[PDB]
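J.: Based on the sequences and whatever the hints tell you, model everything.
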Amino acid sequence: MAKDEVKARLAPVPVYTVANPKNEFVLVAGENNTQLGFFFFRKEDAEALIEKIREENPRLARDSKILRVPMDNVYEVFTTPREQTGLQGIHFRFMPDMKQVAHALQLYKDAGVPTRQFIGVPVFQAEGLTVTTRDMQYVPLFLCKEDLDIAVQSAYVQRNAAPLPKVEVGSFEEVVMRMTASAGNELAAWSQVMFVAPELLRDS
Amino acid sequence: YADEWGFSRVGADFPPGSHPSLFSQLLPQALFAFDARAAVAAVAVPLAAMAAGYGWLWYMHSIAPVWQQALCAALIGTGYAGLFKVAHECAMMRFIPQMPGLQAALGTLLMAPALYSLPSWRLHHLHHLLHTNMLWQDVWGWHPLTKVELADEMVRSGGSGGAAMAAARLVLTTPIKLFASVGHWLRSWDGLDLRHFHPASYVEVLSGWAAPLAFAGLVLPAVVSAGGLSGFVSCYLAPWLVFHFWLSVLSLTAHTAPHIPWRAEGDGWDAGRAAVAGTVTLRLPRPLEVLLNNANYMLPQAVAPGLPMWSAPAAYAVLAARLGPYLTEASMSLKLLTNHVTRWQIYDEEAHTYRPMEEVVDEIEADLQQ
Numbered sequence: 061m062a063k064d065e066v067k068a069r070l071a072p073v074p075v076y077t078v079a080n081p082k083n084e085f086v087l088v089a090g091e092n093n094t095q096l097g098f099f100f101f102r103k104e105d106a107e108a109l110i111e112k113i114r115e116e117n118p119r120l121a122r123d124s125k126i127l128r129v130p131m132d133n134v135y136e137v138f139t140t141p142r143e144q145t146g147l148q149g150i151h152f153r154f155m156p157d158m159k160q161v162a163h164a165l166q167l168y169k170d171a172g173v174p175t176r177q178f179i180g181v182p183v184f185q186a187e188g189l190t191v192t193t194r195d196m197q198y199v200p201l202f203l204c205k206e207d208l209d210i211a212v213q214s215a216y217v218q219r220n221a281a282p283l284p285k286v287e288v289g290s291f292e293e294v295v296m297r298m299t300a301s302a303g304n305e306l307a308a309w310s311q312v313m314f315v316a317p318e319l320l321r322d323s
Numbered sequence: 064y065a066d067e068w069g070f071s072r073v074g075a076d077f078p079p080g081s082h083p084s085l086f087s088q089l090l091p092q093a094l095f096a097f098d099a100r101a102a103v104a105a106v107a108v109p110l111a112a113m114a115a116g117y118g119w120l121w122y123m124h125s126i127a128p129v130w131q132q133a134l135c136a137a138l139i140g141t142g143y144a145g146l147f148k149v150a151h152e153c154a155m156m157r158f159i160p161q162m163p164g165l166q167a168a169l170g171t172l173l174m175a176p177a178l179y180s181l182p183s184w185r186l187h188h189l190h191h192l193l194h195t196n197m198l199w200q201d202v203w204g205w206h207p208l209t210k211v212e213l214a215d216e217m218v219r220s221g222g223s224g225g226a227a228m229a230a231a232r233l234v235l236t237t238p239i240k241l242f243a244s245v246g247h248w249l250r251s252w253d254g255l256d257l258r259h260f261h262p263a264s265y266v267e268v269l270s271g272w273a274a275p276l277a278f279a280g281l282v283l284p285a286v287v288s289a290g291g292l293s294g295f296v297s298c299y300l301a302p303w304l305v306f307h308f309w310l311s312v313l314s315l316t317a318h319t320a321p322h323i324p325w326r327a328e329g330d331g332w333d334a335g336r337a338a339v340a341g342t343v344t345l346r347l348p349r350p351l352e353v354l355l356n357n358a359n360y361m362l363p364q365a366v367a368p369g370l371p372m373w374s375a376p377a378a379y380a381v382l383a384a385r386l387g388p389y390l391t392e393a394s395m396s397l398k399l400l401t402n403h404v405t406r407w408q409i410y411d412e413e414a415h416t417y418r419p420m421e422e423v424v425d426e427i428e429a430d431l432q433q
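One line per chain: the protein sequences are I and K, in this order.
According to the entry's author numbering, the stretch in the first sequence is residues 61 to 221, 281 to 323, in order.
Just so you know, we're using the entry's author numbering here: the second sequence kicks off at 64 and counts up by one.
Quick caveat, the hints were computed from the structure, so don't treat them as lab data.
It cannot be assumed that every hint is accurate.
Restraint-style ranges between C-beta atoms, simulated for each label pair [what the hints assert, rightly or not]:
#1 104/I x 295/K: 32 to 40 Å
#2 128/K x 104/I: 27 to 35 Å
#3 289/K x 83/I: 20 to 28 Å
#4 282/K x 193/I: 52 to 60 Å
#5 147/I x 279/K: 46 to 54 Å
#6 83/I x 282/K: 25 to 33 Å
Computed from the model, here is a short list of chain I residues facing chain K with C-beta under 8 Å [to be verified]:
#7 118
#8 119
#9 122
Ideal placement from N, C-alpha and C gives every residue a C-beta, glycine not left out.
T.: Okay, structure coming up:
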């Protein structure tokens, strides 16, 4: 796709960072360069980084706040080479939820693989689960296993009836790179993508 | 022996009939000048200390330890006590006599954070100067609890209990005695009553009351609105308490000792015998004297109420070289504070014997009604 289409499709996914009051970035620097943005999908991990910053430099933790940013601005940050901007070395990695990494490893275990290793943020999808919009049929990519389970169970109990729809989990970085670099029939396959937020089918 | 209480150089005896302004001729006219550098330093150095403390406070608000916060608050309070000394000089019309309007504006602006009034302050301190060490009349000062009044609230109120026998037993037996300038500040509002004052000064008294009221109605809601109770105790209340501690300590060490008597008028009270014999000069380390703006040297200001603040230690050196045995000095130490707290509490009006509260209560208790 174009970056406008990718940003439009990535809008309903929020992520959380740690920011200084003038919308800076608490970029844990570790050792030589290696600054890491650590875009946290879960707010508990962001608060854990806040606790680490509090234990290390207590002046910074009071200034810093958990900034919520939609994935379109995150994609805009990720795309541009940082040498052109003049601030290079900041890695800007993604931090997945540990519970959903464990769920992804469990779903890996079904076929039988090294089920104690994963790459990137897991994205869950059932082979056969479709969302019926106005006259087009989008394919939901579920950021959460519990949301996928609710949708799968509700859909098969509503359409009647065996009814285990495969349930496959991939990496969120690759489903963004394929969206960017897709041109042929993959473009039409990705044009029907739909992104479920990590807390969308909650107790409502 | 009078260094048994840290009262170092003590005074022997002063003849009566003398007036304190009489000794102004002992001070040469070079001290009664205007040093613009000294005035700017006297305003700026305590303001620099206050600015440094507040910059520290905005550096580390709550990540700081309690003792670090206390030290920073003590620095801010000492700086504001120096600024309040500058405002007291402005009230006494001896800081910038060339510009009375700027003098009054500066004094009011520097007394507004203390919730004090410049006209009421100069009125009460002129009353204290005219009635120095005089019983039942000075009020604005460390008037001691006399055994007659303790006897009144000891027998006329019944037994040993009473509201003024518990409040006094809480104040003048405990280190809260070193914060009684809060009670003096509450007394200084005169009940917000204009009928105490001359009808020709109503607008001045109202404006002098309104400027601290403007402070407490504008700046203090901004302080609570920018930090809550945690941002109000550490930013205003602790410096306020430190400044009131300094005011209480200076006022308590000025005119209270076992060798200084308190006599009512007509009994033998005299202005010289109460001023240049009834004043103990507190001595502090030089950074503390600079930060407090020489507020412990009140004797030359008493004997010459036009002598500027920066010439006060030099004029006190002149007066100590001239008068000799009549002056009393005392270094600042724990000995003076523990004596003022635990020993010198009740003033019998018989041999100026400041005594512990109980020992006198014992007399009016196991006797009188018994």
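J.: Determine for every hint whether it applies to the structure shown.
T.: The hints, checked one at a time:
1. Under the hint 32 to 40 Å, the C-beta atoms of residue 104/I and residue 295/K, about 33 Å apart, fit the expected range.
2. Between residue 128/K and residue 104/I the beta carbon distance is about 29 Å. The supplied range of 27 to 35 Å therefore holds.
3. At roughly 22 Å, the beta-carbon separation of residue 289/K and residue 83/I lies within the given 20 to 28 Å, and the hint holds.
4. Between residue 282/K and residue 193/I the CB atoms are about 59 Å apart, so this pair conforms to the stated range of 52 to 60 Å.
5. Between residue 147/I and residue 279/K the beta carbon distance is about 48 Å. The supplied range of 46 to 54 Å therefore holds.
6. At roughly 31 Å, the beta-carbon separation of residue 83/I and residue 282/K lies within the given 25 to 33 Å, and the hint holds.
7. Nearest Cβ of chain K to the Cβ of residue 118/I: about 4 Å, under the 8 Å cut. The hint holds.
8. At about 7 Å, the closest approach between the beta carbon of residue 119/I and any beta carbon in chain K falls short of 8 Å, and the interface hint on this residue holds.
9. Evaluation of the residue 122/I hint against chain K yields a held restraint, the C-beta minimum of about 7 Å falling below 8 Å.
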